Each structure stands twice: as C-alpha cells, then as structure tokens.
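Peer 1: Input sequences plus hints: build the corresponding full structure.
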Amino acid sequence: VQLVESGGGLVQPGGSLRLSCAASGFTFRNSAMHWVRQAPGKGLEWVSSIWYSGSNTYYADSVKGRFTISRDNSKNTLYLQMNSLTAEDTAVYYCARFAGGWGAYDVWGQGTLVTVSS
Amino acid sequence: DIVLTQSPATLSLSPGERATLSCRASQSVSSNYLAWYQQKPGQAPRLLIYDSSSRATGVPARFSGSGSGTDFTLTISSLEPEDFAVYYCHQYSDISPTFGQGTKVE
Amino acid sequence: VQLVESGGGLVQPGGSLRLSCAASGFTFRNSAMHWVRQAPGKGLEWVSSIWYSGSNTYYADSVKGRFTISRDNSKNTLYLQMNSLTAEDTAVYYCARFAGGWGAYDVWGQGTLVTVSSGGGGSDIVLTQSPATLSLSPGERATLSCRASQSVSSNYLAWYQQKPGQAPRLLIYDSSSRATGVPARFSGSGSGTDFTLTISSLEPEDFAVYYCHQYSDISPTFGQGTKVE
Amino acid sequence: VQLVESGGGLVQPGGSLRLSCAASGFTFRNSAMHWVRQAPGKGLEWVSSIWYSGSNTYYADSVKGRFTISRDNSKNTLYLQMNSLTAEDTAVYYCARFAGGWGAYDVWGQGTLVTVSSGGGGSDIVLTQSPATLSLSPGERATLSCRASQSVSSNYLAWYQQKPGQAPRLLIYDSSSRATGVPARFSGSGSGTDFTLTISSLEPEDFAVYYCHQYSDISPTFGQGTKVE
Amino acid sequence: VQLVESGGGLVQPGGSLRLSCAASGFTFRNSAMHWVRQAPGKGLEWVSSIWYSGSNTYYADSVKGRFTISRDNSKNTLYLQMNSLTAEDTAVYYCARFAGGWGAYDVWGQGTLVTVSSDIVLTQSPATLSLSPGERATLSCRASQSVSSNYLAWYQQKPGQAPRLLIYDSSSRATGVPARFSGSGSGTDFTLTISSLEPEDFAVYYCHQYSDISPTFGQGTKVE
Amino acid sequence: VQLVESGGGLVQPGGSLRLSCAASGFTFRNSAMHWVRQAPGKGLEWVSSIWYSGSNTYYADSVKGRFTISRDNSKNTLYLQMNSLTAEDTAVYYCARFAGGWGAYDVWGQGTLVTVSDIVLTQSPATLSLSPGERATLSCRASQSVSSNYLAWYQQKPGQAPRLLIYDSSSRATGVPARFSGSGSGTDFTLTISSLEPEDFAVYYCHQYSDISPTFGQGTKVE
Amino acid sequence: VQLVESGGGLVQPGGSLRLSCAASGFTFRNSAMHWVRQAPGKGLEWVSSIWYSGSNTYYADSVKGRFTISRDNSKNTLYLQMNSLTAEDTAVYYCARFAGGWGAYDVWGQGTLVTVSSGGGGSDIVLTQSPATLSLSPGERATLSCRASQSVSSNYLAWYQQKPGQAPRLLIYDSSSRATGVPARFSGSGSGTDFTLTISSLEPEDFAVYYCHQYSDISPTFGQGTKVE
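Chains as they are written, first to last, in the numbering used here: chain A, 1 to 118; chain B, 1001 to 1106; chain C, 2001 to 2229; chain D, 3001 to 3229; chain E, 4001 to 4224; chain F, 5001 to 5223; chain G, 6001 to 6229.
Some hints here could point you the wrong way.
As the list claims (entries may be wrong) - Here are the computed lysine-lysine pairs in the BS3-like style, where the Cα-Cα straight-line distance is at most 27 angstroms:
id	chain 1	residue 1	chain 2	residue 2
1	E	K4042	C	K2042
2	D	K3163	E	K4042
3	F	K5075	F	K5042
4	C	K2075	C	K2064
5	E	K4042	D	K3227
6	F	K5064	F	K5075
7	F	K5042	E	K4042
No wet-lab data here; the hints were simulated from the structure.
Peer 2: Set out below in structure tokens:
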C-alpha cells in the first residue's frame, strides 16, 4: 500500500508540467484519487479529484481550466497535467487516496516540488 | 464553503504535558467527516484521526479526537519528543475539501 | 480476520436476550459493524448498524424501539440487546463487518439461532376451507367445505359471514343450527371432520367472506375463509 | 345485547395499549368473554379467553407473556392489556361473548384497529431476483438477475453465496469486483437498476442460494434469493 | 399436554449451558422424562433418562461425565446441565415424555439448537485406486483456495504406522524417498505420481497444506 | 532425530489423560511442535501447535477449552493435557516437528491410541421417491429380537420436532390417520402409508425401547 | 407471404393420406420446402426436404420408404404422400419454407393433425408401477405396486423379472399364483385395481427390472417397470 510519485521541478511561467502517481497494494481502479498542494510556508490546499467512470472530476477555482486530472487504470497511474503555470502554482504537490468515511486521506505520496519562476 | 479555523496557532509544551488542539468549522460538518493530520518538516502529511474520533491503524492511543457539528478537538495525552510538528484538521463532508491553517506544537 | 459470535437460544414471547460478537485480526474500533438476520427458510434481512463515535446508530423499522446495538471497543466486541421478542424475531442472527466500497459484508459471524416460542405446537385442530374462492351469480348455489384435522367433539362448529369493514356475523352454530334472524337459504351440515355450509340461492347481499370455527376445546381455531364473489 | 368497544390506534414497536369492551343487555357476570383479532387481508385468529370467579384465563401462543385479559364485573367491562407490541400485532381486535353450544360467538364488538409501526412506508430500494429457482447440471452456465426499483448509486451492489447451515460468503461487490479467493468462473456486471451474476461453468460445490445486496443508502436491502439446484 | 422448552444457543468449546423443560397437562411427578438430540443432518439419538426416585439415572457414553439430568417435581420442570461442551455436541436437543408400552415418546418438546463452534478444504481424487506392481499411480489434491508459497505436502501411511513424509513444498522429495515419487502443481491443483508401483507402495496417501494458521489434510486416497 | 511418545490408553468419558513426546537429535528449543490425531478409520486431523516464546499456541475448536499443549525446553519434551474427554476424541494421537518450507511434518512420533468408552436398527430403503396416492412401505430390521415388540415409528417434518405415529409395533397413536399402519415382530418391522398425501413426505424413524439403551434407526427420507 | 396447408385427419393404421401446402408471396420455384411434425406433447421433428430438381430429396429415418415429398411448381404447391401409416406417425405436420442463412424456417403453414388409430373412444387399461426405483441391500424386503386405471377382470395380472440383456421371466400370474421354479420369497397379492409384488428377502440375483402385465382383455398392456437396485 503506497503511492509512487514522479515529476515536478523548476520551469518558467506559462510553461507546462505533468505529474505522475503510481499506486500499489490496493484496488486502484475503484479508489478516488486526489491531488493536494502546499505552498512554501503555507497550509494544505485541495487541488483536484477523480473517481470512477460515470462520476464528475472536480477542480479548485485556482486551477480550473488549466489543470487536468486523469487516470490510467490499466497502469494503476494517476496524472496531473499542469498548463499555463504561474508563480502562484509554486508548491509541493501530493497525490493521495481518498477513503472518505473509511480513512479520509489515508495514503499520501511523498510530494514533489513545483517552482514557477523566471 | 466550510472554513476551518484552528486554535491556538502555536502551542509551546514540554514532553509529558497534554496538548489540546481545537478546530472550529464555519458550518456544521456533515456526518462528522473531519480528519486530523500530522506533518513533520520535509515530510508528507500522515493521518492521525478520521471521522472526528477514529484513530488510524498504527497511531498510538495517546492521540484521540472528539467533537461534532462545528467544534472538534484533538488531544495528545502525553507529548513525546516525536509529537512536535504541525497539525491540520480537514473536513471532507462536501465536494469542496478544506483544511485548517495548522497548529504548530513546539 | 474473524468474528466470534455467542449467545442466542430458545426464549419465550416478550423475553430478552443479548448477542455478542468478538472481533480479531482487524482494527475493530474503526469498522462499521452490522447485524443481519435470516428467518427459517427465508432471505437475509438487515437489522442494525453501528460505526464511529459521532455517527448515528441505525435500526430496521421492525426493531426500532425494541433492539439496541452497541459496541465496546476496549474488548473489540459488538452487542445486540433484543427486548420485547415475538415469534417474528425467530431467525439466525449474523454479525458482519461492513466495508462498503471495500468489500460490503466481507466478514461474517457464524450466526446463532434465536427462537422465540411459548411451547408450540401443537394439538390445535386445523380447519381447512375449500375452495378459497367461488365466482357465482345471484340465484346460484354456493357450497362451502370445512375439513378438520381431527374430529370436532359434539360437532361444535360454527360459520360466520364477514363483509368488508364489518364485524363477523354468526350464521350457523352447532354445525347445523341456523341462528336467529338468518334466512333459511343458509344451512349447515356434516359431522366429525367434514362440514358444509350451503347457500341455496345466492342473493346480492350474500357475497362475502365465510369462516368456519371450531370451539370443541380450549384452543379455538378458525378456517382461513372462503370468498364468495 | 351489545358490546361497546373502545381503544386502539397507532403505536410504535415495543409500545403498550389497553382495549376495553363494555357489555349491556345480558348477565355479563356469567358470560365467557374472548378477544379475537384479524390482520389486514387475513383471517380471524383467537387471542384470549376469560371466565368466572375461578379465573381460568387462556391465551394464544403468539401473545402468552405479552397480553393480559381481565374483567371488571362491577362495570360490566372486559379489558385487554397489550404489551411488547410488534408489527405482527397489527390487526382489528374484536371482543366477543362466547356462548358455546348456545351460540358460539353470538355477540361481537364492532372492532378497533391496532397498528404497530415506526413510520414504515418505504423509501427502501427493492431488489427483485429472477428466477426464484434454477435447475442446471455441472458444466452449464447459470445467469442470475437482480433488479432494483431505483437506481443504485455508485453501483454499490454485492452478491453472496449461502449453503445450508452456513453463513453467506461475499462473491462480488461494487457490482463487478471479484472478492478475494473467489474463482474466476464467478463474475458480476450491470449498472443502475439492472445487475447480473454469471457462473460460467457450474461446479458441484456451486449449487447454493445466491443473494444480491445494495448498500447505496442508509436502508440496506437484499434480494430475496435465487436457488441454483 | 405441553412441554415448554427453553435455553440453548451458541457457546465456545468447553463452555456451559443449561436446558429446561416445563411440563403441564399430566402427572409430571410420575412420568419418565428423557432427553433426545439430533445433530445437523444426522439421526435421532437418545441422551439421558430420569424416572421416579427410585432414581437410577441413565446417560449415553457421549455425555456421561459431562451432562447432568435432573428434575424438580414441585415445579414440573426437567433439567439438563451441559458442561465441557465440544463441537460434536452440536445438535438440536428435545425433551420427551416416555410412556413405554402406552405411547413410547408420545409428547415432545419443540427442541432447541445448541451449537459449539466458531478455512481451506482439501479434496483428493480418486478415493480408491486398484493397481498392480509396475503400473502408474496418479494422485490429485484440489484445494478450495490457492495454497500460498506452494506449501503443500504429501504423506504415505501404511496400516498401523505413523505417516511418513514423501514430498513437501509441492515439489521437494524428502530425504530417503525413492525417485519414483513425484509431486507437481500450483495454486489449487496438485498431483502426486508413483511412476511404477512396488508392492510396499500400496498404502493410504494424504495431501497437506501448511500455508496458514489452520493446517488441513485431504481425506486420503487408498491405493490397493 | 527422534520423537519418543508416551501416554494414552482407555478412559471413561469426561476423564483426563496426558500425552508426552521426548525429542532428540535436533535443537528442540527452537522447533515448532504440533499434535495431530486420526480417528479410527479416518483421515489426519491437526490438533494443536506450539512454538518459541513470544508466539501464540493454537488449538482446534474440537479441543479448545479442554486440551492444553505445553513444552519444557529444559527436558526436550512436548505435552498435551486432555481433559473432559468424549467418545469423539477417540483417535491415535501423533506428535510431529513442523519444519514449514523446510520439510513440513518431517518427523513423526509413532503415535498412541486414546480410546474413551447394544441393538442396531437398520431402515430400508434409505430414500423413497413417490407421488400422492401411491403406497410407501418402510422397513426396520433389528440386530436382535425386540422383546415385547416395543418398537415405535415417528414422523419428522423439516425443522420440527418428531411426531409419534405408531408404537408397540402396531398401535396407531391418537389422532393419526388410518392410512398409517405398522406390522412385524421380533427383528423385522414395517410401516405402510397406504395412500400418500403431500404432507406425508418427511423422514421416518423406527425406535426400539425394549431395553436400557434405546436406539433409533437412521431414518428414511420420503420425497 | 403465406403457406396454406390442407389435409390430415383420423385414419386407420396402414392407411394413406396426402398433405398439401399452397404457397403465395414468394418465388416458390426457387425455395427449398420442408415438412416438420410434432407429436402430441412432444418437440419439433424434421420429416423431409425438397429443393430444386438438380438436388436430392431427403427423408428422416422415421418416414424414409413410406413417405414421398413432391412439388408442382406450376401450382406453387408442396405435397407429402403418407403411405403405410402407423400410430407412431400421429403428430401435427407443418409445411415450412427453408431459407438457410437467410431465415431458417421463416414461413410456416398452420399445421394439420394426423392421428393414426383403430380404437374407439375408450382407453386401454393403463398400468402405473411405483416406485420407479428401489435401492435396497441383500436380505431386505422389496414391495412393488401396480395400479390399474380400470378394474382388471378375473385378476388376470402377471409379474415379470427382466435382467439386463435377457428375456423377461414369469414370476407371478393370476395376481397371486407363483410360477413353476420361482422361489417362495416372491409373492403377489391384490385385486381389482391394486396389486402388489413382494420379495421377502432380497438376494443379489433379484436385482432387475420388474414389470406388471394385465391380460384381462384383447388389448394387452404392461406397466412401465420398477428397477430394483
């Protein structure tokens, strides 16, 4: 039971970046997967969420229309496509499994730093 | 949109003392879907309490959650050296998840 | 991962019993625990549910007010207190861990039989009416049969007429005696275990449900009725 | 010659109620008095009996321990105290004078409705399984259907196997997810209101009763079962 | 003429339970009262008897030393005390009046179920193999669930002697075992092959899974 | 590398017995030791297990609460205390060293027998498939003569108590329909149901009460 | 698109009958035409086929050599000549157009009943044996029943034993008379409509099929046999 995260780094404003999260140890295809970010020195902030086919994917207002969450159940992988990046997107981004009433965010990725600067 | 307000912002305590942390929601938290997380410097958040009062597997008994509606409390009965960190509350009762701003136990 | 049940047994109507379920192999204090029952030769029926502190306990409408679900997380034990028991509560009761989207009822107790009965049964004389329904027209003959499982001593058998929303009306008693005010077109006959009610020529007011009734012992019984429509 | 009833009404499970029957026109002190009830759309059923000075009261096995018949000859009144009520007590209750060989139940009260309910009308999702029985041979395919009266949100539907005398086993949950240890010959499918359990090639150990189960709300319901023989 | 029974239920092995039977409608003071039980899917079996006192009480060997039958004629009640219960005591217990030449068991209680209870089933095939020296013996062991780590063993047992390890870990031939013995398979289907039978190889063969905390054996194949 | 067993014998029901197994040729201090039993003419059945300290002892429910497994590593001996014995505990008990992935039960003791300790009724046929209106003829054959013809027949419907049909071989009980009739004497008795009704489809038992140890037949299913 | 069938009826065994089927709405000259029959209370059974005049007509083994299928394309008519009829030919016969990969039997005639019989409105004496099977052991008693639909005059009823691959052997005649060489453990009884064969103590050589047989009229009939295993 773990989430293996990858991606991130330093890119210029207006650039693009893709984050990946590889799951193991549970039935990923049925799990709701969320992305959470944390600006330097700040608190936790929900970013996006994805569920089963037939459910609505959701985005925070700060990323709606620029970020795209997606999943490939055959590879047990979660993605976050980050476009039109701004200095306000600088944060450590976490992927997390959402268990709702059975454990909230009970499994977290280790997080990857995304810095937006020129 | 449910705003979570933690208090106090900072708690300075010694090992062996009790830590009492408070989370107040601007609205009632449906089903008491409120969680507590511990985060150490440079590490990912780690679940302590969910469903307001359920202690996650592997979490020591000295951590306990209580409360309902808009008033929730996390209690650490006897602080150990490894307990000094920042603590966040988190409501997942609606489609717009929100976090408290954290309480640093120092 | 296991659920060890105990309790149950044979109890009298109105009595009390407590069921217990001891869990091991998983974090019981976090798990939602339900009780499910199954009447003899019937299907599964949810009874009650309990979860974390801060959540509502839930009951089925049949048991709301009579049953109490509880848990002691210090003993990893689930309890069901069953009060005001009636023969409809007779069933095998299962404790079960509820995993929702992570396994539904993925762990079950073995089940324990709870039987609520006062000693039946029994010696009761069974009355069987035939046919269940008769479709006839005014002027025609209606012939109704009542068969007893044992001989009805003194031929103490009665016939009643019941129209919708009204109390039953005595037609025949002592097998053949037509009650006062009953038209002569009604007549009863038979003896021992074979009795018949005859309506010689049906009138439009004669279309109703008819019951036979034996009162030859301390346990009075009725037939299930014949509808004449 | 009259019996005037009073009482009854709507009560919740586990509650109490007292019925009364005031007699006039006959020597009530000599008469044996009975209570008779009738469930909605059911037949007549004897409840209790009481007689003279040497109080020798009788009860039906369903109510023994919960009901108390009594009489006050100074007020010419018959009473029925009903405790530990359950939905199975829902019926119209009649008081009646018992005349035995001189008229059986020759005088009846008008009847009063007693309804025992906690507010049950039905928001619950009804699951209908088909067919009720399937006769097949080893090696053949069994296709079982589960139909819900309302859409099952998130496809929270499970399938269980039950052999005689044993607890149910989880086979499928979340409509299509095969539980741990379930052979691949079991498979579930469907969404909304139409669900199917398929056993690709029957084995001799696969002959059992199969139940579907929806857990998409707070009133969990089960299908009524399909027997594969 | 009633017998009103009560008691029973589900208890752990070695536990205790008391059964009672309350009589009415006959002179209980004089009646011979018996207890009879019926295991699930089994026949009727007599348990105990009590009479006038006069009381030479009788028990079956299955229950003698652990069960206690008694009666209190002042309450018209029959009792059966069940101590040190075991899984083989699981049955429906009936109280019954014994009338001998005037009705045998003419009145029965309703009966109450007593269950003393709380895995991986191994099925071997065929049940029997009749073969000659030099011929091939092929044995199958089919598990109800996958045997993790292929922790399945085969033992041979000759009459009156202890079992002997032939193969363990599905494929490992034990020390001193002739090469004509061979095991194979994985998951739920395992096979033991005796390539060319010797006259000393005619015995009962058991498969054995040790992949969990509840070890189980197959029911054995007799090779004659 | 040996396991020397001792104990056993013939015991009354409810009695007690202790078993011991002395090891040599291996480091008994560390070995997992199990008990396995085998009922007369049956398969192998695991009973109990014990291992190093800081580990759980295990029992089967057939023995849980009555048996005690123990070990004294200073004497290289394994013990099994068996209390409150019942006729179903009769079996040959084996001690065995458990090597898991290194040999399973690779060493066995020789085994010791523990044994804890009339007229047999045989019914025929075991099953009868008939339709309403047909005749059912049931047989009960006793291993010895039934004195005074004290033989009874009972009817049992599923989930219900047995019901007296006939006693004294031929005496039909009160309230029993005349279509039931019994016959025979000595060692061969017969129950005949002349014209079947659908409520007569049930299991039927014969029963002898002519002695101290009453016995029943094993039942015939009429379906 | 229609097939108008005609013919059939009730005929004597060994007689002749011709069926016709007149087509409209399609190019009959190009179509393959089949006959299909259905015995009373049985399934469909193919009978015959005809195609273009460069192919061969086909028949089922049941009818080959007695029936002749033919066609007159100038009248769009299909024929079935039925000669040497037997009671086994009793069935409803359908004409049908065969479209193969383009519709199988897509057009059917309505069917005509052909009954081949020489009897009157009365039925033969039907013998019903029970049970169909008896599983017993050596030394046990076997009781076999034979019930007749009508009374068997003079008790002219016989019992036979048949072992696999062998001719039947007479056991009992005149209901109770034991045949020569038959062991005394075989005995028959009964009269009128109720007969019984009893084997007092079964031996291993007694396991066989047993038939009853009535010879009280000109139409001999047998029971369907009881197998003793």
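Peer 1: It remains to establish, for every hint, whether it holds in the given structure.
Peer 2: Now for the hints, and whether the structure bears them out:
1. E:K4042 <-> C:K2042: Within the cut-off at roughly 23 angstroms; holds.
2. D:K3163 <-> E:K4042: holds, 17 angstroms
3. F:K5075 <-> F:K5042: violated, 33 angstroms
4. C:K2075 <-> C:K2064: holds, 26 angstroms
5. E:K4042 <-> D:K3227: holds, 23 angstroms
6. F:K5064 <-> F:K5075: holds, 25 angstroms
7. F:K5042 <-> E:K4042: holds, 18 angstroms
Taken one by one, the earlier hints fail for this structure only at number 3.
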